[PDB]
Amino acid sequence: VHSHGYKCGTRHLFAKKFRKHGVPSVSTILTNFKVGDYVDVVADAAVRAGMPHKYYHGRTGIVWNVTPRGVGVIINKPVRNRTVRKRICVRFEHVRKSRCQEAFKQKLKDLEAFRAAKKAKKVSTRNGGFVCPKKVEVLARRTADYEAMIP
Amino acid sequence: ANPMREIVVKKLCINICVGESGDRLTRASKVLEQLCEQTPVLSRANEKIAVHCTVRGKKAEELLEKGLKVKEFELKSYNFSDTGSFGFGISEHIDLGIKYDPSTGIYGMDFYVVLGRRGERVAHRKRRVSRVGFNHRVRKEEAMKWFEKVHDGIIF
Amino acid sequence: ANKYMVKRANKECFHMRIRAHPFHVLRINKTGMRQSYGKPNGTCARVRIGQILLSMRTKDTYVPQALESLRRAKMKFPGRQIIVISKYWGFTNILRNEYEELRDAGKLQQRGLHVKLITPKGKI
Amino acid sequence: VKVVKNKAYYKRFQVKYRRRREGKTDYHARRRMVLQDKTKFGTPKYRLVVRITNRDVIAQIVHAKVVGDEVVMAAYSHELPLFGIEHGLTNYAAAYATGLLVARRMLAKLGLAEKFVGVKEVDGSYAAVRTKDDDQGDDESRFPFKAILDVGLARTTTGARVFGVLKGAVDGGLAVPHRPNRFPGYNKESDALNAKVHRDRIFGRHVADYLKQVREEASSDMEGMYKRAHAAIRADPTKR
RNA sequence: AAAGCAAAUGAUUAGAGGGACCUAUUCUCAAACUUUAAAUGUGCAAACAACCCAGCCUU
RNA sequence: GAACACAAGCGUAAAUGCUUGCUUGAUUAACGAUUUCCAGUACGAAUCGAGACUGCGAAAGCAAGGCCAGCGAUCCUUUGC
RNA sequence: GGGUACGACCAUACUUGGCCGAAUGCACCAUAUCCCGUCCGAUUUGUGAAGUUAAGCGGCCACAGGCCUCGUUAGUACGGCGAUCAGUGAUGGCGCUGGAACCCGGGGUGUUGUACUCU
Ligand SMILES: [K+]
Ligand SMILES: [Mg+2]
Ligand SMILES: [Mg+2]
Ligand code: NA
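Protein chains in written order, with the deposited numbering: chain BU, 2 to 121, 128 to 158; chain BL, 13 to 57, 69 to 179; chain BK, 72 to 101, 113 to 206; chain Bu, 4 to 223, 244 to 263.
For the record, the hints were derived by calculation from the structure and aren't laboratory data.
Heads up, none of these hints are tricks.
Calculated pairs, DSS-like style, for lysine-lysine (alpha carbon to alpha carbon, straight line, at most 27 Å):
| id | chain 1 | residue 1 | chain 2 | residue 2 |
| --- | --- | --- | --- | --- |
| 1 | Bu | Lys68 | BU | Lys35 |
| 2 | BU | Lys17 | Bu | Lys10 |
| 3 | BL | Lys99 | BL | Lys81 |
Sample of chain BU residues at the chain Bu side, in silico, Cβ under 8 Å:
| id | residue |
| --- | --- |
| 4 | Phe34 |
| 5 | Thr68 |
| 6 | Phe93 |
Cβ atoms here follow ideal geometry from the backbone N, Cα and C, with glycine treated the same way.
With the hints as constraints, model all of the structure from the sequences given.
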């Protein structure tokens, strides 16, 4: 009940890494964000400006606003018996592009490719079959391994 | 061997540690100025303890010759260092030949001389700094041999 | 353990090592149960199942005395303990029979009270 | 003594960037030079990279990319003899000449020649070039090509050859934002730039005086060819 | 959680090789130590108020 | 393995440390939006912005205090436009 | 087959020691009238080649340290769910199931984009 500030349980949460300290690289700087994208919110801990609250670390949301050095993201949050859509403003360093829809998009690209080729498959292990061993061993629980488990 | 491995004197640093601030430092600063004909600087612990200056070039060679003449062209073996530099000190500036005025008094000084080859810029340049190299580094034995060739005299 | 060994043998025929150190600190409360957190009172060692508490290394002609000395010392400990004969050679991670051959081959680097086997990988 | 560089030291060591180890890149400055507004969704931003070696002057226009920097145009000091300058190639006059070449070649590639021709007569006066950030009250006319100067690790003093390449590029037609505080003729006391002193340096009067003095020391023209060189570059900048 | 101290910080036992000191080991540890690191967890997505392509309009 | 006013944690090496030069972004900021506590109220603190006038820089750029602890309703009094 | 400039990933790229290097280059190097800054042209700034591959740089090597990767430790340690399970207890195995880490052993020691360039 004592000392609940903005950063309470963040000793290991905002720690950087082993042999991976530093500041964001050029590849992070050159990322492009547009309204309607999916992003992950992870803190950087080397950039003090625009760092989100500890609750939103690891969360995924959609962007609704693009600003010269910042991104606005909508994130769900359950409160009592409902979930509230929250909006957070963070800098572009604490935001990463999300790959949560690449499988879905790849599925759509395959479907149109299959139709395009049709306009211009797998082996089931579940079904049975013949098995020819050519050799058969035996498992017998030798007394040697009982004597082995003695440190 | 190579015509680029000759040992040369890089710099000569003169230090006077009077341990006080006031007129004594003022006289010492002037005395160093007449000795090397170049403005000195004050070193502090604040307290303004000492004065010193660094000399490089021909005037470094001439000043080194005068100090060696006082020291009788003889030095101890342990006066050298494994880096490749040595040094000594004289107790009287009057023995250096400088005229005596009964206002400044008599002062001493410490002489240090740094030797090296012609590739030492690499470790000091701003862009693309690197390390010298083990072969190009000047050893103690090379330093002692250099002092034996010119300004001969040494005692172990 | 020390007293029995001196009495029933020689003091220069054995080496005992205690393999449990008292790192845990106990508390005593010593108003009622108000502000009941206690002050340090003593120390103890935390042991677990299968852990070795004492070790004796000696010669083959004194093992009846070694077993009796350990049995008397075990009487001072709480709980249940057993006394076993190690398959290794005197505080070393080397089998008793294999040690004689490796020492003969000379591929055993010697340290005080412990032995490291020579590794082929390294500067010649 | 306690031995540093033991096994524990090498396990915990984290190496710096490769180009930081080699002493070639200042990543603190580079991060700001590539940063752009996120509201500009990846529109190109250009740099003017100027590097001077012991025997060469290099001018490049670089666009940063994730896969790797892309060079759009490059000019070097050793192509000057094809235009008429066979001596120097490192001095302030050569710095001006190579800046003009890279500006002229880039405008030729874009097809933006015969417009934004820059200044024809060479003078050392300040320009105050026109950009979108700060234009001279005019928005109807077409804007010039824009780039920002990238001097690297060089120490930026008054009258340095890096700022000589900048002036040549501006005179060639490029729009590189700048101030005259670092030009050779600038005096910080009066906050005025002596265009006369600047003009002499572009045409190499300082070199000529030293050469004449050296000839005298041995005992007991340049301005004309530089003007011809400037005309030649402005005529056929694509020759090689 | 486990694991580790033959890796940083802290605690700690004894020998060996060059009374301290150094080098390589060794017994034993950590809620307010950690290189590594589970199980049980926890965000998002898996289409119709949407998507893909083609031709246009406006700022 | 130092330092960064102070308690501790995180962070940082051509720097977020030290020295030095110039400065007053510790101003104003059309009732813009948001986070933490949370009843999804206030107060305190903090994040992303639009406009004015500026500072330091050759420039890109950074800055509307010193990162996160350091503070206060109704009524009344008093000041500024 | 190499070099230079600008890079991305940021040790399979680092650290110590050793051997070799055509050409274009890079570099060491020479010097203070002018621009510029220092106690000192050491660093920095302006001028230009009389030399030198000694160093920097590149390539290779070392039962070298580190780092990366695959196995082994090991179905071990630990865990979710179940019992009118065992045991005085401390604890433990069983059923349906998830599943590590250090040590150690084999292998490896940068990949590559843009522009200008010498065979
Ligand atoms: K503003
Ligand atoms: Mg800078
Ligand atoms: Mg505050
Ligand atoms: Na973490």
